[PDB]
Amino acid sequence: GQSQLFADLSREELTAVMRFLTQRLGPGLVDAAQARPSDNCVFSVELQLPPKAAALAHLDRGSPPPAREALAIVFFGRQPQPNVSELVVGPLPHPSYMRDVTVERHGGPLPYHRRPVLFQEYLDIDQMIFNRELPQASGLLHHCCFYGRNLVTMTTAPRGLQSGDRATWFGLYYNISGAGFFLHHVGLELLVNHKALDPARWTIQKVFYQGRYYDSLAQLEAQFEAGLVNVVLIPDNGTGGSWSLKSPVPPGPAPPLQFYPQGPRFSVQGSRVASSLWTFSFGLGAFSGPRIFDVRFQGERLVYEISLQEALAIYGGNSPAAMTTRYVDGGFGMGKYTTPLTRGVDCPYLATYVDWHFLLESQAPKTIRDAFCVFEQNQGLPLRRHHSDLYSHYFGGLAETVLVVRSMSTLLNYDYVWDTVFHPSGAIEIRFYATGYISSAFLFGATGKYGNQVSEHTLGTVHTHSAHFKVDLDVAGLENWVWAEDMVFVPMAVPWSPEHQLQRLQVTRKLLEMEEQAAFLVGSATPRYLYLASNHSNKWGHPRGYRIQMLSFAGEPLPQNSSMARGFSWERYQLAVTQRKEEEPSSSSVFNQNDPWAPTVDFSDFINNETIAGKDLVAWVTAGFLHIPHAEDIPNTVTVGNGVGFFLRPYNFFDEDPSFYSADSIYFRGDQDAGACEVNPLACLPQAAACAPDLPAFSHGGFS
């Protein structure tokens, strides 16, 4: 079955679904890029992933491929009871039908306040701030901040305190040219209430300046002019790090460069990457972000899907913005906020780079150039090696080379790096880095219970990062069990001197039967060897397994006591294994960010006391850390040590190490000529086999 079922929609296919929806949605249908709250609107159109039954029927058993469909989110603002609605639209490329799956999926209409804040909304909010509200305090603002074209606004987190609220705290910052404005908070923060569908009716519920609450910007300017406010002059320009990214040092000799001496050893065709060892499909959800499907090692499928589900950032702090802030980044979109990869910085210069197409908050499809990069990377390490000077004189090794796919999501200040790396041993590593700029507060007072001073007038606010992954392993077929292997010591008499005691080392295997048993809380310890496995077995008779191996420094999760916690229930777990249902496609939702108190998807609902003894299983992995900012996070947070993710590793899945059969392996005996070419491939790189290519002239995918 040779189709590309998992490919993100092309631009024709988006135009096609747009044309279709235009014609059929009633007249009065506004473009989303200019829409007001009471308008109608196509928010999003993206690929609707196919149901698994049908997909595998095609891929494995040759049946016809399932209708390729799209899913549009529609803001219905023009009516007595405004709803959000999800509609499926197919088949592609010539759509002929549309049904409204909203009720059928979340049992009821979608409250209109759950909708993401549109780009027009943010723009209206700024008209309200800069034109109507902020000149009421123009005296204060001359005095402190060089006064509304030099200042600039930034959003927060959940918007309110209570299901249905839509009130956001907004920070104010100097509009720094050519570097991060995120460091130069001016101390002013405005709780805006924009729940109403008429922007004229929008209020400013509270105000916060340098330590103090006020009821309005008027009453702040009353108190300023009455001489009753100690105001702090915050510089406006400066130099190095806090103000720049451009290094003052001039370029020196060049760093090392990697090249393929005789052509590449893989190919990308559409959504499908293929190599001597690995074959897989890849994509970005608009909200979910990265994903790969149909991963096959030497022709056998290991995983149906691996895909980011959510990223979280829980903050604390002095100011109301920082202590309210819980970003659920799916609500903005890890795909929407993807950004071009800059060649030679984000991936190796000779990597192959791929575009990504999308239709969000517009009516034309746009394209993000160089959104993904795929490459083979020599790691420096040997994968494996042994040198025998003992009894027999030989050497046998293999340098590890690895296959890689990378996107980067720039969510305001943060640049998330998402890596999916494919080892020649049959292992799959998922990785998640955070760089970019820190979300900062204005430095004031009881600092230190809440973070570190990091520049003049700048607090680095404490926060946690957590991220969720879905790992739908299909280990040797759909029917899988989970096993927990570990270890134990048993006091025993030494057999041949019973007078003497010895501490006896033993393996421990428990087969986990129920969802509740394989759900592991953050804080609880957890089996050293945990793997999903098969009815089937390898040559020596052990169940065929793939083994999850985590890499987390997890923060304490937001306590359960909180009304908000439900919107990201998944943070509380390290790992959970679950019966994989069509009704349960995802862990979070775009709709949880703006109403986590009545969550649109609640992940703890999935762990519900069913068997996981021989069913189609799906593993859910949380990974993250705590981050007390510090001075070396200026200008940017750095990758080193901040890799988090997991390994999927073979455990009695094969009969031997597949890399035994590698084309790149190296062997020689003591009695051989190790530097003769017929014995050793490495002895010909010099003779002839050299010659770095001419390079492609540099290009860049641009900006908005």
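Residues that one form lacks are left out of the comparison. Residue numbers count along the first chain shown, from 1. The term rigid core refers to the most C-alpha atoms you can superpose between the two forms while keeping them within 1.5 Å. First, how it differs from the form deposited in another entry.
In the core-superposed comparison between the two forms, residue 23 has its Cα shifted by less than 2 Å.
Residue 689 is among the residues whose C-alpha shifts by 2 Å or more between the two forms once the rigid core is aligned.
By the rule of 2 Å per CA over three or more consecutive residues, the rigid core superposition between the two forms yields one shifted run, at 686-694.
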Given for the second form:
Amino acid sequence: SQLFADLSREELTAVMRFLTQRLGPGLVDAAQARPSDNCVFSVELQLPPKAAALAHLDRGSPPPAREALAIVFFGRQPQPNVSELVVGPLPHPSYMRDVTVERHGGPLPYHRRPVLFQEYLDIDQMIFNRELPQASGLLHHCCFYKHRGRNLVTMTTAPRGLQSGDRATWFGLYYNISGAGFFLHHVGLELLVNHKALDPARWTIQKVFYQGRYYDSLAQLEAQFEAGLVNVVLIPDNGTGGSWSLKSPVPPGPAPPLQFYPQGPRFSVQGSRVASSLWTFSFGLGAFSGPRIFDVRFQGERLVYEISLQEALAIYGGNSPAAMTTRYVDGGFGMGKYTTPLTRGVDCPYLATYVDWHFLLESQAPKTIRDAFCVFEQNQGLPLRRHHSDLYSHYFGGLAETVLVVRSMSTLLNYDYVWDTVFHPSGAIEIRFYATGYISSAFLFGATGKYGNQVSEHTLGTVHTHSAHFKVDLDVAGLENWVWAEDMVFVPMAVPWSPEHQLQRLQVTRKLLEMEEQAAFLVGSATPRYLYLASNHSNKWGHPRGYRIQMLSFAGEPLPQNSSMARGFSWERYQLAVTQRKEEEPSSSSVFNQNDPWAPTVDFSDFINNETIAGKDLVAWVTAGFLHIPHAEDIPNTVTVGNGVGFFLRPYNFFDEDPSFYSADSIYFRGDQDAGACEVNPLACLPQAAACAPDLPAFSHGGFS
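Let's see the other form, the form deposited in another entry, since the form deposited in one PDB entry is already up.
Next comes a single chain, given without company.
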């Protein structure tokens, strides 16, 4: 049903006409809001509760009410707070409900709120107009400063301070490169900026970093320079070769392979539901959590209630302060908020289905981010399977793997994150994520090689880790799942038919995990080889109907626990976790963990807490990531190759046999058949389409802000 569908523009609009009329005037378009104002920061779908939904999907029951969730910024008042407000019911809403206290247990400190655009906007005037011209001396000799500075530019960092309550953000300055990436031109200057106040006027600059040293203020600095105790070096504002560009010099060649659907496309997309002769599901994007799918049904049978992105994380080293503070909790800005338009042919097959996404964020109207998702089938040029017999009997049987794919890409500053869920006709599911886009760069002063690699002119490639977190609500043959751990061992035995001789007996080992903690594995420890969620049920051969989680992760090694900050993303700590699903444990991180991870608005280690995971509705949680030491070949961009991570969800005695066997595209023939004949196999039936083939739609592109 149109049940897990993100909110229509119409829906978004009408929640707003409510919120506005029913929060009094004195409410502001968050576009232009100052901290001490009341504004609505986000209106997005409030996902239904699970029980109420299944009821409606499986057993007639009418459908749970369709409800928004507005995050409201309550600045204008003596005790300013943030408030999560459920609104509804949709399409024509009548009620509203502060749920804040329910969830966290008290109000939301106002300093956990995400920085607004207008806030950045103000912060830049405080620098571009009031702090930088103090050093218009130095900046002219270092970096082409002209009065009053539209050649330079800023980039936020990580958490914003050192202990809770702080709202002080280190910014770098970079040249405002035209039509290409600025992230590689760290002008050498970093600035701590305390913007904790509700009055921007009282914002200060607690610190300043230049070519290796720290000065309490900007005058403090420009002075120390003008005294000739500081060696300026002129940084070139211009260049050639990828450092400075993306447009390739080399001109177009013969076009690259195109895939097309000879007989027309073999899947559909209505609303946000996807349907192919193997899979149905519903897809979507959470403004902050990012992309998610639900009600994944493989040939009518539900495999998972939910797979979704929880969080994404990035944790730096560095020369500089702004780098060596920096840990972004990117959901803190928002994977959905920052899903960019997909470029037809580049991001996705020219012939994918490209779907729009709507949102109301920091505004009062909804806007659309066109071509936000793509769905497509993709021949892999690979057997799903195959056998060829020359022994005893002559036959061949195999099948080319085509795969179904849904994808969106989130561009958050330097990074373009690639989010893939892919659907194998073996009944398997792959989640992949890819880090591409630009890197974050420092400016380079000598004391370096512990903090990364010179990738350029003046440019340090600043070491970091990536990590990402997924919710996997497997309902293996319905809710009650257990969790098993199969692996392996050798055992010195006698050889039965020569007990004088020894053999090394290979054995499987199985073990049921009964307790939330026995199924929480840290990065650094050993996962077992075979690990799955079972049902009480068995398949025909008497084997716990099961789905296996096989992880593709290169231990993006974790910020140690001893840090004050770590509870902001305690999931980085874990390779894998399973818990009892619970409406009150609905997410792994939250938009609010960004600006105060010392007071986690949600701390994941909580979820794990001496409970049974024996015949309960379980949910597994997977972390995926790698170490990234940037190197020259990351210029201009980091590439996808090798940097795919995630996991496989694989059938494991779930079925009675490989369901591909019932496949429509299986190919089979014997030594004694005419393999060249169209009704021995259909490959030998070239005709297929009429005219000159793949009919192609005229190119367009989403656009920008």
